[PDB]
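For reference, the structure discussed in these notes is given below.
Left out: one protein chain. Kept in place: all the others.
Chain lettering (A and B) follows the sequence in which the chains are written, and residue indices restart at 1 in each chain.
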Amino acid sequence: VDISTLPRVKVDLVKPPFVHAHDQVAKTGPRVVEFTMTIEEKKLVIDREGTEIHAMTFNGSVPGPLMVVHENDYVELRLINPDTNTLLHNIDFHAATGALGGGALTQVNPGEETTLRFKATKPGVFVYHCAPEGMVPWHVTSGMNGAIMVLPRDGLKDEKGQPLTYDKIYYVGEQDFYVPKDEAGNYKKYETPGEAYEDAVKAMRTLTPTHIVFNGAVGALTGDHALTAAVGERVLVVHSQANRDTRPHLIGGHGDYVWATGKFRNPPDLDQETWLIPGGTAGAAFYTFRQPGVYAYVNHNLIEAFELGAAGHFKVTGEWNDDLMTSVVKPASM
Amino acid sequence: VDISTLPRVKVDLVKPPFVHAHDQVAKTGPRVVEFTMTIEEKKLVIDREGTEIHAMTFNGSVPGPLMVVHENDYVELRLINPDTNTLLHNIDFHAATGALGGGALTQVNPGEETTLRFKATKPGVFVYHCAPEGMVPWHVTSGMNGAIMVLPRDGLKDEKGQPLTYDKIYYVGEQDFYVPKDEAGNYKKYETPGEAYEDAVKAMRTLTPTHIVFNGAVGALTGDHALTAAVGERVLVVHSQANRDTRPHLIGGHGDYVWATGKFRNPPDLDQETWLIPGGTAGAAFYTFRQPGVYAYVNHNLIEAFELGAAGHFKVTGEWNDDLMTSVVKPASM
Partner (left out) sequence: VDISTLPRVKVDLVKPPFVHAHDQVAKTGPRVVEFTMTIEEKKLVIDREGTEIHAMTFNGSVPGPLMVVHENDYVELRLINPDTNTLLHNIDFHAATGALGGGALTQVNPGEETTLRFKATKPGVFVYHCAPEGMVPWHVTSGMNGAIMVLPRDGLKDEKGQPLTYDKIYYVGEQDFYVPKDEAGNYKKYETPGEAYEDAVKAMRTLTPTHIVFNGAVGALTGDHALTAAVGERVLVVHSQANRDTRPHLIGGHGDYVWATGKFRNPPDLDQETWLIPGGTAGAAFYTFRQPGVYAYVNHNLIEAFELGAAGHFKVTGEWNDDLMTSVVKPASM
C-alpha cells in the first residue's frame, strides 16, 4: 500500500528509564511513526569518585530513549548532528532490514541531519546504535546505543497464547565503559577525541570494562530515581546491552515471563531467576509484584553489579504477605 | 490454609555432590520442610599447589548442600552463625519471593541464629547465596552459595509432557575464586578478613578468576571421588554458578534433556552438546548413559576446565556398544 496514504503520528520521546506513550494493542492500522533524535556529545560523571568521560549520546542520555512502534508500522527517524558536536555519527537499527540497519544511509557530519524510514517487520525489543565505519566499538562503548520495541499488533502473549498486559514499563540500558588506565591503575583524561582514540582502542582491547552501569552512571536507578511499583502490578523491564552479555536478576523476585533474546514471536521462558541477554541484544522480562519493599535489579555477575555499577533498585508499595515469606525467629543470640 | 495445620518434615542434608533423600513425585500434600545449616568460615586448599584460602561456607562445603522440596511446600530454614566465626552473614534464596530472597530477614552476627520461612511457589533449580549489604560478591566468591531444587509435585516431564524419572542425581557447584596476586603473579595470604578485604575487592575488579572449581577444589570430583553411573541409568546433574556464566559439557555424552536456566515449567532443550548456565542461575541436565568408561564433565571453556579447575569425572560401569562407537583400525604406523 502506498506509504503516503498512511497515517503519520509524531512521538515525543522521554528520558530512560521511562518510556513514551503508547498502546499495547494497536488502535489504528499501520502508521508512519515519526521520531526525532538529536545527537549530543557531552561530559558525563559515571561514578561516585567523579570520573568524567566524553559520552556520545542519542538525545542526551545513556542509553538513548526507547522508541515504541507496532509490527508493520514504518519508523521514520530524523537524526540531527548539531554543529556543536565534533564527530561523524550514524544509526543502525537491529529492527531494520538492509543497509547495515540504516547505518550506510545515515552518516551525518556535524551540522547535518538525515531522515531514514524502515518497515518494522519483526516484533520484539531490538538494539539500536551508532556504527561509523572504522570506529564502531568506540561509539557504542561511549554510550551511543538504545533500543526500539516493536510490539505485536495484538500485544504480548504468554506461552499458551493468552494476553500478557503490563501496567508499567521501564527501559534499563546497561553500558560497559572502558576508561583508559595508566600503569598504576588510575584513569587518564584527554584533550581531544583524536588524542583519546588510541588509548580508547587500547582500553577496549583489554576486553575488561572499568564500569558497567544502568542508565549512564553508578547509582542512577537508586534513591530519588529508584524504579517503583505496587504489589499486584504487572511490570515489563526491557533491558539492552549493545556490546557484552548480561545476566539480569530481580533480587527478591523473578522474571515470570522472559524473552531473554527479546523476540515476541517466541514463547517466553517462565519463572526465570536469571537470564542471559547476549551482547548486541535487547531482552524483556514481565513480572507481577507480590511483596512490598526494596528490590535490587542487577547483572548477576555480582562483581559487575556491586563493584562496577550494574545495580538499580525498585521501591514497591503495598502489604506484606507472610504466607509467601516470613521471619519465624528473628536474628538473636545462639 | 493455616500453615500450623500442615505436616512438618525434617531434612538431614548431605555433602555435595550427593543429594539428600527425596521423592520425585510428591507422596504427601504440601509440607513445611525444615532444614538447618550452620555457617562455617574455614581454610580450604583449592589446588594442587597447596593454595589455601579463607572460605565462607554453608554447612562446611563449597558449594553448600542441595536442598530439595516440592512446589508449594514451605521451606523453613534455621540458619546458625556460631561464635567461632568472625563475620556477619545471611541468605538469599532465588526460589523465594520478597525481602531480597530472605537476605533482609536473615542477618546473623557470630553467636546468632534465625529461622526463615518461604513458600516455594515456582518449580526449578535455584541458587541460594549469602549477600550481606556492601560485601555481596566477596561472600559469594568465597564459596558462600549453593542451590535448592523445587520439584513439580508430579515430578519432571519432557517436552511432550511424559514423565522423566532419574535414577541418580548429583549436584555440581562451580566456584570462581579471585585469589589476590602480587605484581609477579604469586598469590598473597592475609592475616585477618579486614586486611584481606581491599585486595579481595581489587582481585574481583579484574573480573578474571584465578581458579574455577567443582565441589570446592581442583580435582575434587575425580579419583576416589569421581561421579559414578551404570549403562542405562538416568542421571540428573544439577549445576549452579552464582557469579559467572558456565557452559557445561559431558565429554563422550550429551544433555538429553536440559533446562539450561533451570525452570521446570519450560520444556527442556533436547540433545544438547553444551549449554549456557548464566551466572546467578542453576541449570539441570538429564542423561541416560549408553557407554561405559571414563567421562569428563567440564566447563567447555577448556582453559577454565583444564588449567583453572572446572573438570570432574564419571566412571561408568557396563558393556561397550560397538554399534554406537568402535575403533575400526587402531592407531598404527602410516
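Just so we're on the same page, a contact is a pair of C-beta atoms (placed from the backbone, for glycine too) under 8 Å apart; a residue touches a chain by one contact, two chains touch by 3 or more.
Screening A:117, A:168 or A:315 for touch with the missing chain picks out A:117. Only one of the listed residues, B:41, B:76, B:112 or B:304, touches the absent chain: B:304. Of the options A:44, A:53, A:66 or A:96, the residue whose C-beta touches the omitted chain is A:96. Where chain B meets the omitted chain, the residues involved are 208-209, 245, 247, 249, 251-254, 260, 269-276, 290-291, 293-296, 300-308, 320-321, 323-334.
Residues of chain A in touch with the missing chain: 3, 76, 78, 92, 94-109, 111-119, 121-124, 126-127, 131, 134, 136-137, 140-141, 178, 201, 204-208, 242-245, 261-263, 265-266, 276, 278-282.
Here, only the chains that are shown with their structure count from here on.
A separation of 31 Å divides the Cα centre of chain A from that of chain B.
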